[PDB]
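One letter stands for each residue in the lines below.
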Amino acid sequence: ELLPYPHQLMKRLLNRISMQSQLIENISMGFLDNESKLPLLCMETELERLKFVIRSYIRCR
Amino acid sequence: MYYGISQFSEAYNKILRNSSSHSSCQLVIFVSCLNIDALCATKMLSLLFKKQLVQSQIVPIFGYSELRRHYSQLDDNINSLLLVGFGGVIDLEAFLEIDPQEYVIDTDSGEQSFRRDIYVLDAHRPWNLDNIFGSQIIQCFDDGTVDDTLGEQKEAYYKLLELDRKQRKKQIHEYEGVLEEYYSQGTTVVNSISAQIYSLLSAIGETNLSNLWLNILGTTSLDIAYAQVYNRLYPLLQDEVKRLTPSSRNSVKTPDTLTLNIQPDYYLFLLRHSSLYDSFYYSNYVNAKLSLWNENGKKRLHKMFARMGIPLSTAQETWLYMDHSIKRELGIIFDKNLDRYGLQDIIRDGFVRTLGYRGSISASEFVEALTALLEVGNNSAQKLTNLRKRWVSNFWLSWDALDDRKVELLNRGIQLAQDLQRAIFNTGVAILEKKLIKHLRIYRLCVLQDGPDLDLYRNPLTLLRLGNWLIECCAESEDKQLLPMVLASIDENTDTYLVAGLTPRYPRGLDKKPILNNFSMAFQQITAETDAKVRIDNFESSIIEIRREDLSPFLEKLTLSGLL
Amino acid sequence: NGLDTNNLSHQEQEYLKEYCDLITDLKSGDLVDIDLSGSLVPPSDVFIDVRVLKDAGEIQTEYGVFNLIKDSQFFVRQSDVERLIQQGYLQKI
Amino acid sequence: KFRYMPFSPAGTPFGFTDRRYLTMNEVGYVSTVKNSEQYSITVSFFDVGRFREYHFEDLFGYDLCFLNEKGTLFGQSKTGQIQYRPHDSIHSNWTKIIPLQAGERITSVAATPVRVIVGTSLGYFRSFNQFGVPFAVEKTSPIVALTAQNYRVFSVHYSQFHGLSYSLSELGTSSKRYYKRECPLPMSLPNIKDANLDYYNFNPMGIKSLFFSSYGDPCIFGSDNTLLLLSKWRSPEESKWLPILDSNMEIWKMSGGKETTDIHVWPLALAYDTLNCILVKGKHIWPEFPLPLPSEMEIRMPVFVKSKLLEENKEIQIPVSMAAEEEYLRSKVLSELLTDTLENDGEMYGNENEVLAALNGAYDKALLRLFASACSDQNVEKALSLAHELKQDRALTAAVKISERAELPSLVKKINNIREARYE
Amino acid sequence: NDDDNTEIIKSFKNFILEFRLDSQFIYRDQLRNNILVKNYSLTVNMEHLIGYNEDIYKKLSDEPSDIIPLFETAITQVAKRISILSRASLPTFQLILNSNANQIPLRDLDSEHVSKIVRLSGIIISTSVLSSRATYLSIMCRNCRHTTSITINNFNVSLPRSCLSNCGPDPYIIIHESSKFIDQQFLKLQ
Amino acid sequence: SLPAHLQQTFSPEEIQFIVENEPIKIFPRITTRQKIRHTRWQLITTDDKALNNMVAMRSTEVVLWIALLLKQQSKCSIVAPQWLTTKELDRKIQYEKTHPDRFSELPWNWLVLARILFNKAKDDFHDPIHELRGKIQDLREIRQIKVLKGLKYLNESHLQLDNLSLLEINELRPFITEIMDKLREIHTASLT
Ligand SMILES: [Zn+2]
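Residue numbers (PDB author numbering), protein chains in the order written: chain D, 75 to 107, 120 to 147; chain E, 1 to 108, 111 to 166, 223 to 436, 461 to 593, 598 to 650; chain A, 105 to 107, 119 to 208; chain F, 473 to 664, 670 to 791, 814 to 923; chain 5, 20 to 107, 131 to 198, 205 to 213, 235 to 259; chain B, 2 to 38, 47 to 201.
Since the hints were derived computationally from the structure, they do not count as laboratory data. Zero decoy hints are in this set.
Keeping only pairs whose Cα atoms sit at most 20 Å apart, straight-line, the calculated PhoX-like set for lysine-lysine is:
{"hint": "1", "chain 1": "E", "residue 1": "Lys311", "chain 2": "5", "residue 2": "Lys77"}
{"hint": "2", "chain 1": "D", "residue 1": "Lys123", "chain 2": "E", "residue 2": "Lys50"}
{"hint": "3", "chain 1": "E", "residue 1": "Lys14", "chain 2": "D", "residue 2": "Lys123"}
{"hint": "4", "chain 1": "B", "residue 1": "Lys96", "chain 2": "F", "residue 2": "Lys735"}
{"hint": "5", "chain 1": "5", "residue 1": "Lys32", "chain 2": "E", "residue 2": "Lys311"}
{"hint": "6", "chain 1": "5", "residue 1": "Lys78", "chain 2": "E", "residue 2": "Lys311"}
{"hint": "7", "chain 1": "F", "residue 1": "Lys831", "chain 2": "F", "residue 2": "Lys890"}
{"hint": "8", "chain 1": "E", "residue 1": "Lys50", "chain 2": "B", "residue 2": "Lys129"}
{"hint": "9", "chain 1": "5", "residue 1": "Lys77", "chain 2": "5", "residue 2": "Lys158"}
{"hint": "10", "chain 1": "E", "residue 1": "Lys300", "chain 2": "F", "residue 2": "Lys506"}
{"hint": "11", "chain 1": "D", "residue 1": "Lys123", "chain 2": "E", "residue 2": "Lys51"}
{"hint": "12", "chain 1": "5", "residue 1": "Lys77", "chain 2": "E", "residue 2": "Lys385"}
{"hint": "13", "chain 1": "D", "residue 1": "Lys85", "chain 2": "A", "residue 2": "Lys142"}
All chains, please: the whole structure from these sequences, using the hints.
Written out as structure tokens, the structure reads:
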């Protein structure tokens, strides 16, 4: 079956992806314009993994 | 001077401060292909920058023309270069048309700083003094040579730079004398680039058995041509093998156990992959001692195995399947016999690596496999460019062969090494049978005009294999004076000879001060006088390519020159 | 195409055009923060080695450049080069 | 007969091999390799963000070492050579020979952000500042073992004519203080099997290691494989050694009994309540060069009657009375150590008061679970004596509820008097 | 003798169960994959046997006609251990050898190669029908019906000369119902 | 829009991705807990606290993809879960041999996590890794025998597979579901 869409959950997830991307942007600007890259790497590959789950889910349905 | 052996750490810290970020790729590594030591140094360097997560690019480069091409198309975003295995012997600041006032930033203070570093990792000597002292951007990693030796040349350089009357004239004449005695030295390699990078890893604390094996490999590649340097560096490699070797003893051979040993690694050609017979037969040293290029030498080799009690069929077995009792006993058999034949320098302790159950490989065998991959792994100017592209592409086969995940590619390297050395040997016996060598008063000349395998010798490394085979054969004779040699081979497609100017060397077992390759500047001087259309853009500047019609005028002027 | 034409009927050609227009309409609307046309193999590594398989000169990316020199090799964020792996210019992993 | 030997914390012998550890602790570990006639020394660190590993060839053959945050200190016991190596290398290395009489040896060395300390088999105790300037020479009972953490120095003394004793100091940039000087130490020595004899030839005191907690309490781990911690050391008239972890007992327990042997505990650091240690397996007592991951043992107050556990278990399950006894005692001693730390030194992270509050919760919970058993046997006096121990009035309500559900109105009445007294 | 045979068998069992390259147990996997499709054999690369423990290859190459049956026996035991639950039947597995040793041309093979492992090449000129050879004979005495059995390995066998405790001069006969047989084919190589 | 091979199952890489979301115990080799006397992790898929409060060799629990990302560098060591040790795997092997019908209660991620940690954390095991690989192999072989015995009892109705791994299930899924589907289709076709 095509299962019912989690409307509210997906709204919240897309909001978090947008805000987390804007955060990673802001910190990258702060680096370009203490300076440990490792948490930024974890943030970046987190958003890649999370966006993969949403991509696989939507493409499936 | 620029970065001494004690302070490579400061240079590496500077590389990270300037040219590391999650954001952008900022570091470019130029590496001279057709150089095993530069390859291994770049591999160690790339593993370091992998672990430290520095976004970086490697470009393999054939020669100075390709350097000046690729350098001209680097963006201002690229604020560090590492030049691996070239560039020390030439004024890079002039050659790349650098102006420090075009690269300066944030000078404020009696002080300067620059938008691009150019670090030089080169073992060739003499250093160009404009790199060492003249430039504020070129940054050479030094083995100690500058501080050990070049104090007088340092003094002369700085005073002649300052010295813009009779005393003034005598002083500038004096320091011109010093610098023109320092220049016009012959070229020579004094260190292994890979051990230089290993000293950097030691300073950072990054040493491990992978990086130690790469250091061993890049260092072992010097052993054919630069045996004195290898003998300098071998004890330090022993120290590091003992320091990193694990503590278990009588260890059971297990699929996961990488064990890196010091043990007997004889001076035989690919012993553990050749047959025993072939490993004697195709060895440069064995051919030199036994004069194996003729039937009487072949008879002597048969005599040797007969006196060893080894059946010739057993000697010709592939080494894995060769008789286990003979392999256990082989050190004793060699000890009991090889002094009678003068081959006692076959005995050597070298580095052997084995990884689980897939069998042992020595550093000797491994560098032979890597060179074989560099040599043969995969309108005239366009054809030449396509050829040099093929050699650039061979670099990544040797690179990938350094990884245990791709040992089938290493096995390709082993096979190609055997067949290459067969071609070397056949061309060599052709030269010595037909006496192609001409004994000119100042140097020995050999020119390959025709025959099989001629399309291999357009590769510089394969030509240097034949050169080293011949030179080992010459060195072990007391009859011959130790003259320098020129070795050339025609490319019938480009209509150009590839020509190599080769040092002599003393016989392998004897010990004296090194003797330097003065073909580099001699070829430059003839090139400067002549109308001939010779190319001198190869990084090993004692190797050139020259149009066929120009060769005889060129060699006539060479032998009339007093520079050799 | 959402990132041999003779073999299609004209209805199929204009159908393929309209369907690509639809895919682009999705990844251009809401849900845009996910490249919906991207890969479906999970991201295993954030930094990868990539060998330049065909030459393409100097190109910028978000905060830098790549000069796609033939048979050069990078160590680089996968997300900054994925498009070129799909387009066949970069080799490894 | 007894013999003096060089000590360093958690260092190991050579044994049959050609390499050993000079020391290991919360900062890192140091190993030496008998590289023919000279020694290859490697200094390795556990925080690889702060500190970078380094190595050097040693021509003197150092056999003493001490490693802390600011630098490494080395010593050669027989010749008196010592060397100090700051880790940043901004401050210089320095080397010195300290004088030894015939047959005298350096027995231990230690370092501090403003001092370097050397003790010898004849009891001389030589102090240098961190740049090698000689500052003092004392004579004491021979310092067989020695360490420091920040400015706090803790040393163990022994001779045939003085017995086993310890000293504790806090030297500092100012207000140089001594807490206890050569007080007797309650640690157990070995019997002054052959692998044990090899180790005790290397280390006759049997002190496997000696260190400070993360909160700065002195600790020592003897031949009985029992961790001792000196509690309330800042007020010397109240100080007492706590045997906070019998590691033989806990090894026997976690292995499911069976008289389990050929598994040994090699301690590195206590942290807060959790001994970091290598668990060595086989005949030898000490680790090999590929240093295993330092497994973690939580401290266990030694109240575990082995016969009772053997009867109930014949994987081991603990009766709730024993478990609550250990819980009550462990939580009490840990809360006391945290309280003294926070009063005298204060918080170093930003959560120690929260940890102390959570721990008090566990303490009152353990008291309630023992109170329940006392009420089950209807022992009003035992239950009441337990009721006095609870710290939170809010938890003392549970004593009321239990005594109600145990149908003990006498307990309810008396506890209500305590409720009122605690409110007032 | 059978103590040493047991040790040889255990050594081969360990070779099957332990030999590993790049995270894969190639001989365990090959043995299982062969069992599923019901071919009861194992193809062994002697490079791997040499690399594992060259003493084993020394035993094998010294006298393969005694050591190959023990290797086959080891393969049977591992086959059962990896395909039949221990304490809730298969034939004797054939050992097939892959090798890269130096070839001997057919005309050079002579008395020095008798009982040695040999590698060669040629053209097959003929192939005979599938004759039947015994792997296991059920046996009994013609007079007293003493019953026994003879396991056979085909590397160079007979019936016993007289009864294993009068039974007459040549007393044993085969029982074909409980005996076991295999296909044997002759090839002529030129 | 979904590839043919992903239509009704997970790729082994997707199974790895699922398993990578599990927490795992690590020994840090960096300190991030700041003293009272700079960038923080700021995650959104998992808990941020442990990474922000690491201290070297104070063991702590983090999500496995982060633990691997740290262990790609020298900055971490991954503590093996208790089941992934020689004695525990031997106990599970004895359970498997002792109970022919049941599968032993290894955790659902066991093959995947064994693969991951043997490749990316080969130096963190207290036990010799060659024995752990051998016993993981013993377990997979025995469990595969039990799988083959189970497939003799496929039905039109249902099936029960108590302690089968996620990877073992995913390996069998495009066979068992197809055969039980076709048995259902045969059966339901017969009904009046
Ligand atoms: Zn009979």
